[PDB]
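S.K.: Residues per chain are reported as follows:
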Amino acid sequence: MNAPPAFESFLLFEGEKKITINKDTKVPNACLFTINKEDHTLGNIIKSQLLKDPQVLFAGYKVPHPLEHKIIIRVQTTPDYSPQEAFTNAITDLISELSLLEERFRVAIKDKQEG
Amino acid sequence: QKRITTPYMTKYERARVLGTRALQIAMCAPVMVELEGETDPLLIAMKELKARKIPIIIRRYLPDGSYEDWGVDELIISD
Amino acid sequence: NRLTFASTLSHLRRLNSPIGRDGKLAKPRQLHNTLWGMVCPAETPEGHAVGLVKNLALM
Amino acid sequence: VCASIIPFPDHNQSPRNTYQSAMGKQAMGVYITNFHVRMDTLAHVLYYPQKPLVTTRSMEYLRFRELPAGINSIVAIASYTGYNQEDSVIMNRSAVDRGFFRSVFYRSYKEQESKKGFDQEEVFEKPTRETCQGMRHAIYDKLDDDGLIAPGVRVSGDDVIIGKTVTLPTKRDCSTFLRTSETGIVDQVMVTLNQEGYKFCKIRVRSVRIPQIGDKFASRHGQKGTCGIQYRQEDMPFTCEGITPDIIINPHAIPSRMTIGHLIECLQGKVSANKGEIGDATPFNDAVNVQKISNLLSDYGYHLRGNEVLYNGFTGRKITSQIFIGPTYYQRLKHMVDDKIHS
Amino acid sequence: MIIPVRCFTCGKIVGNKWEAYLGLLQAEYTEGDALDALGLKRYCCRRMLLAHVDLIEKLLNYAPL
Amino acid sequence: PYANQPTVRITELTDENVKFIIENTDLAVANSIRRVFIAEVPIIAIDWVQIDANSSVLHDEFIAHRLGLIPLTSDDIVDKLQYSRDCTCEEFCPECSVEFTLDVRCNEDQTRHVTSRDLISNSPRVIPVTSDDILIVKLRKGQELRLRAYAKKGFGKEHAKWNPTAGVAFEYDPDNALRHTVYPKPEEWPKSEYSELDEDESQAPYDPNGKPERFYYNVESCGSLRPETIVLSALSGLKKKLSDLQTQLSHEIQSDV
Amino acid sequence: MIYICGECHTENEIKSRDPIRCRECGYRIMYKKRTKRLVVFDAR
Amino acid sequence: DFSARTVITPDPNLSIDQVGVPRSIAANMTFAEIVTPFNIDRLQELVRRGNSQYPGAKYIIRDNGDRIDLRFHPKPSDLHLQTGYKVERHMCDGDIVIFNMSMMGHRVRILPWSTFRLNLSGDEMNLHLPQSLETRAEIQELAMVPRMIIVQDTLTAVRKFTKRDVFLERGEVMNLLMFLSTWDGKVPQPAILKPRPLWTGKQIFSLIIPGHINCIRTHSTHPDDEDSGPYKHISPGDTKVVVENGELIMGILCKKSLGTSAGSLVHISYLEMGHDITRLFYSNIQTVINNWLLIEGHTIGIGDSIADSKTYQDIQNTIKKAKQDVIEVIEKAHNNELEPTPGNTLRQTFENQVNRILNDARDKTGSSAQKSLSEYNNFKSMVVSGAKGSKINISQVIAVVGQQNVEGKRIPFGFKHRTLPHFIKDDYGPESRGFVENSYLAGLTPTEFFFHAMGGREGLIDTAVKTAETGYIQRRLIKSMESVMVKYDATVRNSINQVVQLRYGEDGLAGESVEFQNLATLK
Ligand SMILES: [Zn+2]
Ligand SMILES: [Zn+2]
Ligand SMILES: [Zn+2]
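Protein chains in written order, with the deposited numbering: chain A, 1 to 115; chain B, 49 to 127; chain C, 471 to 529; chain D, 706 to 874, 888 to 1061; chain E, 1 to 65; chain F, 2 to 132, 146 to 271; chain G, 15 to 58; chain H, 360 to 459, 467 to 487, 498 to 525, 537 to 910.
Any given hint might turn out to be false.
[Claimed, not checked] Between beta-carbon pairs, the in silico distance windows are:
| hint | chain 1 | residue 1 | chain 2 | residue 2 | range |
| --- | --- | --- | --- | --- | --- |
| 1 | F | 87 | H | 777 | 56 to 64 Å |
| 2 | H | 502 | F | 123 | 52 to 60 Å |
| 3 | A | 79 | H | 632 | 24 to 32 Å |
| 4 | H | 777 | F | 189 | 33 to 41 Å |
| 5 | F | 53 | C | 472 | 29 to 37 Å |
| 6 | C | 496 | H | 832 | 23 to 31 Å |
[Stated by the list, open to error] Okay, derived cross-link-like pairs now, EDC-like style, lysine to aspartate or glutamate, Cα gap no bigger than 16 Å in a straight line:
| hint | chain 1 | residue 1 | chain 2 | residue 2 |
| --- | --- | --- | --- | --- |
| 7 | E | 41 | D | 1017 |
| 8 | H | 417 | H | 447 |
| 9 | H | 445 | H | 404 |
| 10 | A | 18 | F | 258 |
To be clear, the hints were calculated from the coordinates, so they are not data collected in a lab. Cβ coordinates follow ideal geometry from the N, Cα and C atoms, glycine included.
Kindly produce the complete structure, drawing on both the sequences and the hints.
M.R.: What follows is the structure, encoded as structure tokens:
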């Protein structure tokens, strides 16, 4: 009755934007990425990569409520750089990072099978 | 005049004045202060108290039967 | 009480303290030494009627 | 009977032993074997009533081993996400999806058509909108030609399950609807004749209750703890071997409103499961000791005190404090949120 | 009532192991020895077999409708 | 300002589980991938069950539910199949679901139990893992259990039955080089299998500078998806979700500009 | 409707306003076999 | 509009003022609202939703007072509303609710599950919704939780968080600061810049402290001689709490420093800043500490109860010495050597001497147990912070349970001069009279278990009657002072207008704003 559907955790609600970028006026060069229908599996993926970038001054994520299933990411960078670029560039590195891992795994998986 | 009650406004008076004003605002009552998009009626009345524009006049009944007419603007509110 | 088998067994062996003058004058709620091996000391409903209702010892 | 099933009651505080006596009765489980044939107003039967890993010798005589009223759980005592206070507990959502604590609920509805008055009498039939003048808005397609809903029909919300009308001096509907709004399926239908000889019938409505955040779970000793929050297997703190605890309880309960027997039972449960032997829960057996149990656990590549390194599900970094995890027996209490809200 | 399909903790299948577990017990094997043969290294799965009760045996005694 | 190269090697490969070590990887990526196996990995399991005749001792709800927990050997069929929501169907089709059936009847005096072998599936490849054997229920003489079931692709987070991982043993820094976990008495604690340390050394010396690396993975499968293929799908499944975020992210920037 | 005796477990058709008794036994308790309207079950 | 009672569950994410409510309960509950042009569209859409959809209206009231049910929706024109109407729209987010004569208001938040969520900082409850706007405004202005005023799961972690040992890496700091609502947006400079940045727990907590509030407190484990020593300002154990300009420069926080008391950070902030700022202080502490707790972690196990063999010998030696001493006292009374005190009789004097020997042993052995626990030990952490438990509880778990007194005395002779059949007749020894020399961990003897039950039974009976009697006093006191109030002439008068007090509290000051202090012109 009151139990929420199990698929709402990942399913995208109709007429709801998956990603919303909101600028923060507390400190210059700061933005909030309120992703929806995601969990900590995605929040930690980008936060760690953002820290690796020297041009990132402050990057982090948090969940307002586990049942909400929406994650908020706050990114702040240098005046020359932009939080939007940091979020975009970091994702590309992850895709490249996983591509090497996926490709290298396929290289080594056959090696063990044959011996 | 000759009013002996405290110049400050009690918390109970503040709550009732805002509540009554907020109810009035929700009933198509006019707003003295400028409207900058505040939809919620309580916010409209809250800034009215800050600007000292609420027409409500507080009549404090003394225990002896006498009453003192204290204006909301005259009373010193705490912000 | 058929909610659980253990509850059913306890109810059958359930005991009740005396009521009226006899129970009132005494202290049935308080645990006495004579209950050793005859009435379970730990088992007693919680609430106002604490110690009035007890359970027979296993043996 | 209720105190005998408690391991190490001497290690436990006296009020806790008394508290368990009340909780033990409220625990839900297989009360008897011939539950299907009988009809009871209230009857909770557990999906998987499993005998405990730690059992007392006197438990055999009570036959509680044959018909237990709880399911074991690998309980890690930690403060995870701060969702469990002194009276609370955190469950594993994935475990419940596999049947961790699910149980059935049976409510028996009973009615008879008796000729109390010569002019007016009760009958069993479909209350058609035309022949019946007074009626309540509800779906009547469930009822059959005999006025009794056949077994195997899903019933939800306000629905008529038995048709009864009174031929007042045109008939007035007086059927019986569901007591609550719970969704259930009728299990079996019984038609009989009462002692007076009038037709009398009983029907048992079966509903499935899935444990949720509002259900109250209680250990074998201590205060009952409501399921503060349910977390998926990924979010639960997994150990080195990949064993996400089924239940997480608040460590702050152990000091006062809980007993060291919970820790000892966890240690015994870990040894019992690892060594494949049911532990002895005799209250006054000098053979069983905390030090002896710790030594046995160390032989199976485990910490002598049962502490384990749990990796936080959200962040993979090791938790600074080593959590204490063990297979502690747990029982589900009759108090459930669904019953209260559905009312 | 009946052995669960899989371990509630991790998800390893344990229902199929129940049939072999009982068969090993009557084969003079120790309670813990049988678990090792079935391949239950984790203590969570060993719990599902070591201390399980098959209540359906007594229920099947009653005749059906 | 870019990511590293996650070198990966495999220790031992077997049917039940596969062990591999990933080096030069961030802790978040390794930890996230661990939960990607449990939830993100899609597998085919029974979700829709309808009973035509049930005379067994167990109840309709219990029997119908138990089928879902039974894993199905969906190695490559899961990839080609699609979720019911995104399909153009109002009723299950072979392209967005599969057909399952189980028609048994007990007439012998001896107790007969229906197991997963009697669970017939239209798709030859999509079959129960055992097909000893996953027993469903025990049937008495004169008891029959005829029902029809369907299975559909679903995420692990949606339900536990859609989780192919039978316990993931993820470990890192077994010797506690970075002191991420502090033991009051390190001597008592046992030595982990992956640790390379002497008997007389309780733990490795603390290094002032260092990062988590050389993550040890042991993915144990329930038989539905082979442990050597779950990793391939998980890595592709995680990144394809990451790319989807970028596509929506670009739209937001297009709106701001 | 068709009912089942609780002793012999045999089909016996009982109409409305008819005594409830098994011809083969005289047993006074009858049950209902099942409904032909099937329901939908979800493994949750 | 009384609602259906439902169980209570905790929710740290929710603010203390906020309350979680399920969709089903809120659907039944309705809040009459007067439609206005500024929100005419808002009511127009909600009424269109209908009762099937949760965000709907159960009834709509016209100016004439007629109520039209929205379940049927007979005509679209009837659905349309005019200005000045009253619409019983279903409860939504942001509404004010009041529940447990002083009641605290809350802001309702809709959550998926059924059970209510409360940010405690269990028992079923029913939440009441104020229909009228006037009382709704009044409730949110004076009856809110911030104006009415920490869990034990946080205080224990707060003490560990503020320890000097705790050091936070850049990655960890980012997560903690994200949950900080009252954050300026600038990351504080690390305490240890090189070789790597490392923020101390206090630095993160410094931002948690609102504004600039200064207070000095002491940790529970603060040696008395430390203050008199030269290291008073530089505490060797960090047992002194000092805050300057809102920054926790030093000291480990605990219930004494952070918990409610005459002088505490929460109390000082309430007077210095107010209630609204104080609530954020509670929320920030709960949220930030909970996230950090996932890294540090709090647990409990057998290792905490298992003490070193050295202390076990001392505990048994003290127990043995006490047992021998009791026998010596018994022998003296047996031979008539014992002399009764002038203020007591021989029988009562003997009971007093034996009680002190047993009572002293428990305290001495219990005190040694407290020193036995190491810093890493979880038992010490709870008591040191003072969150949950007590030093006596640890004593009964490790050292000794202690004497089991019944009705203020030792176990009475239920049988003829013997407490139990096993003990010899006229036995006044430790075991016979209920002295429990075995700790909970070790295990009690069969005789001790029954004696322990007798002591516990008395407590349960006293607790059962204590609540009944205490509750009666509360109701009685309220009735006799329900009409007592402070009038506009700064006088306390009842309904009859009789002067109870010329000035409230004899000074004319509120009891909440007053702060404890010691003027130094008399000592
Ligand atoms: Zn397992
Ligand atoms: Zn399709
Ligand atoms: Zn018959």
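S.K.: Each hint should be assessed against the structure and marked as holding or not.
M.R.: Hint check results:
Between residue 87 of chain F and residue 777 of chain H, the C-beta spacing of about 59 Å keeps the proposed range 56 to 64 Å intact. In this structure the hint that residue 502 of chain H and residue 123 of chain F lie 52 to 60 Å apart at CB holds, the actual value being about 53 Å. With their beta carbons about 29 Å apart, residue 79 of chain A and residue 632 of chain H fall inside the hinted range of 24 to 32 Å. Checked against the given bound of 33 to 41 Å, the beta carbons of residue 777 of chain H and residue 189 of chain F, roughly 40 Å apart, stay inside it.
Taken as a hint, the range 29 to 37 Å holds for the pair residue 53 of chain F and residue 472 of chain C, whose Cβ atoms sit roughly 33 Å apart. For residue 496 of chain C and residue 832 of chain H, the Cβ-Cβ distance of about 29 Å falls inside the hinted range of 23 to 31 Å, so the restraint holds. The suggested pairing of residue 41 of chain E with residue 1017 of chain D holds, with an alpha-carbon distance near 14 Å, which does not exceed 16 Å. With a CA separation close to 6 Å, the supplied pair residue 417 of chain H and residue 447 of chain H stays within the 16 Å bound.
For the proposed pair residue 445 of chain H and residue 404 of chain H, the alpha carbon gap of about 15 Å is at most 16 Å, so the pair holds. For the hint pairing residue 18 of chain A with residue 258 of chain F, the CA-to-CA distance comes to about 10 Å; that is within 16 Å, so the pair holds.
Violated hints: none; the structure is consistent with every hint.
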